[PDB]
Amino acid sequence: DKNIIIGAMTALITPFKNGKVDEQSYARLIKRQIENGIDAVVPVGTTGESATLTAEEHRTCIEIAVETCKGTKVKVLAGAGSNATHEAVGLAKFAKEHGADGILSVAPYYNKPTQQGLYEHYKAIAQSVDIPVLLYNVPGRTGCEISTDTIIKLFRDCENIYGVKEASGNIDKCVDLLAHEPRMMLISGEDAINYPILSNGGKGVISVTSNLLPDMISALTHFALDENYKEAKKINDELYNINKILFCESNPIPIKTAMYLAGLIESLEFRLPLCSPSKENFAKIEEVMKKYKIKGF
Amino acid sequence: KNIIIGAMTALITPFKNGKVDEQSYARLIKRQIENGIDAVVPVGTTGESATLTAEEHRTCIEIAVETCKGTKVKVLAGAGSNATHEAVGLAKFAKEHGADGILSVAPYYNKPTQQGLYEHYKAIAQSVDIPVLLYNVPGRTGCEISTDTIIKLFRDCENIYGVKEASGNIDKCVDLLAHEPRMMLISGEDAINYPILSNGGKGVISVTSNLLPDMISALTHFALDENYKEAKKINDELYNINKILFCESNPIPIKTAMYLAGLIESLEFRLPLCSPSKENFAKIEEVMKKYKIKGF
Ligand SMILES: [Mg+2]
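Protein chains in written order, with the authors' numbering: chain A, 2 to 298; chain B, 3 to 298.
Isolated chain A, as found in the complex:
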């Protein structure tokens, strides 16, 4: 009934070289995701350091994602959120214009809208495009929570709104959502609990770990969607150590560190206020990484 974007999805890191987006590396990383079973890529989300990219760089990375996924089954679910509704509408329209298959739209950060404000915020976004819109709830970062009732109202009232990427450590809410609106696409935004969310009827993940181990996250998700819960849980259990250490510091500081340690990106560069991890954390990530196979290019 609704057009959806589900399955194993990757919140792409944005590699920097000499303070600019390494556009070749970016395309190479997306191709590596495609070749390891990923179903969709999320350019310029939180893991992609959307906050510190210019509007032009925002467009460059979405376009590279769109162009790299052409001729494949992999879709582009472009990050396009804002805590200003007029800007979120503009970003949604840009992402559509750029060939995105849908948008991921984070709940307004910092200004703490009410549930009524969130409803009007996302309705305005939904009314701006004709492509699928996935809500994104991460209260630890935004200071706000999209209630289950607000999500279900948006799902029922807006054709393009088809689900939510939950990063809230709240499996109760995941039960709440799918028990009252079983038609929505619940997407895990927290790698450590990928399997419990999938096993409750979630239909995908938007993963940080998949930057480093796309084949494992892909296999986990597809096992779960095929109702092979025993095989899905084993991979989820296997990934717990890496899933946790990748948040030793604020994402994407650890995942970019791991990608650099694996030789998958050429420079450990961030955009301030993000910075390199502590020495202690650098070493801890390297230690956890040694227990996993990291696919190359």
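It is possible that part of the hints are untrue.
To be verified - Heads up, simulated SDA-like pairs for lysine to any residue below, C-alpha to C-alpha not over 20 angstroms straight-line:
no.: 1; chain 1: A; residue 1: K174; chain 2: A; residue 2: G202
no.: 2; chain 1: A; residue 1: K154; chain 2: B; residue 2: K124
no.: 3; chain 1: B; residue 1: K124; chain 2: A; residue 2: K174
no.: 4; chain 1: A; residue 1: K285; chain 2: B; residue 2: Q116
no.: 5; chain 1: A; residue 1: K235; chain 2: A; residue 2: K292
no.: 6; chain 1: A; residue 1: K280; chain 2: B; residue 2: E121
no.: 7; chain 1: B; residue 1: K21; chain 2: A; residue 2: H87
no.: 8; chain 1: B; residue 1: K124; chain 2: A; residue 2: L273
no.: 9; chain 1: B; residue 1: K124; chain 2: A; residue 2: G202
no.: 10; chain 1: A; residue 1: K124; chain 2: B; residue 2: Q116
no.: 11; chain 1: A; residue 1: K124; chain 2: B; residue 2: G20
Rather than coming from a laboratory, the hints here were simulated on the basis of the structure.
Put chain B with the ligand on the given structure of chain A with help from the hints.
For chain B with the ligand alone, coordinates are given in the frame of chain A:
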């Protein structure tokens, strides 16, 4: 260090037909000036900085500087960002337009580490030569500037002279001033204005003063005169309005109160902010009846 302290107002930004009501904006600032306020903070959190365009940001700062010219009232311009390159640009811009200093909120959403926060604010401080007030509000940003990081920034960077705390953490307020008594601690939470001042805080950046500038200014000046009995008296009297003004997320209640008092023409916000619930509207209206609201 050059400082900006005393009674300060986080100015609301009135909208009329979807645009900044610049006449209303200037008129509200004059009312603040005539009511004993020492500085105004354009386009802070209470001013809906997040939903203003870059031009609206420039325009309200210009109106503030320019309206306070020839008065002793200073302009502490909101200029923070969660991208350091942008926060540097906003700081340089604010300096260029005659602001006396800047309020720079800790990066929201992307949760920098303490090292990143230090480098973030270090870059800002070195880009201008006007005072820089840190702004810690972890409930909104998802990050905390630790006491150690604030003190390091105060000691390492000339322009950084203090912090506006909106953290409900009087322990931290003791921590800050016991280890670095030279910094200017500024209250960002109206209900506890007096406890912060009585511990050596040197000012407030107030939401309530939009509605009751004379009372907040008088409270602050009593406290700075070490008339703690009178400062506390006002703080106690203001608790009810101070509390109801956060019934919903600021500035939803304060704009509701300004509208109810006849001080602004329309209860307009920019999405994702919206009108309060019918219930909250009525609660704000009821609490207000116990306070005397200065007109224009
Ligand atoms: Mg305390």
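Status of the hints after comparison with the structure:
With a CA separation close to 13 angstroms, the supplied pair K174 of chain A and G202 of chain A stays within the 20 angstroms bound. Simply put, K154 of chain A and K124 of chain B have alpha-carbon atoms about 45 angstroms apart, too far for the 20 angstroms limit, and the pair is violated. Under the criterion of a C-alpha separation no larger than 20 angstroms, the hint pairing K124 of chain B with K174 of chain A is inconsistent with the structure, at around 41 angstroms. Restraint check for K285 of chain A and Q116 of chain B: the C-alpha separation of about 19 angstroms stays at or below 20 angstroms, so the hint holds.
The suggested pairing of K235 of chain A with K292 of chain A holds, with an alpha-carbon distance near 15 angstroms, which does not exceed 20 angstroms. Proximity of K280 of chain A to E121 of chain B is assessed by CA-CA distance (about 17 angstroms); at most 20 angstroms being required, the pair is judged to hold. A threshold of 20 angstroms between alpha carbons decides the hint, and for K21 of chain B with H87 of chain A the separation of about 13 angstroms falls inside it, so the pair holds. In summary, the hint linking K124 of chain B to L273 of chain A is supported, as the alpha carbons are separated by about 11 angstroms, within the 20 angstroms threshold.
Our distance criterion of 20 angstroms between C-alpha atoms is broken by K124 of chain B and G202 of chain A, whose separation comes to about 47 angstroms. Distance restraint check for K124 of chain A and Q116 of chain B: the Cα-Cα separation of roughly 37 angstroms exceeds the 20 angstroms cut-off, and the hinted pair is therefore not satisfied. A distance of roughly 18 angstroms separates the Cα atoms of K124 of chain A and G20 of chain B; the hinted pair therefore holds under the 20 angstroms criterion.
When held up to the earlier numbered hints, the structure conflicts with 2, 3, 9, 10 and fits the remainder.
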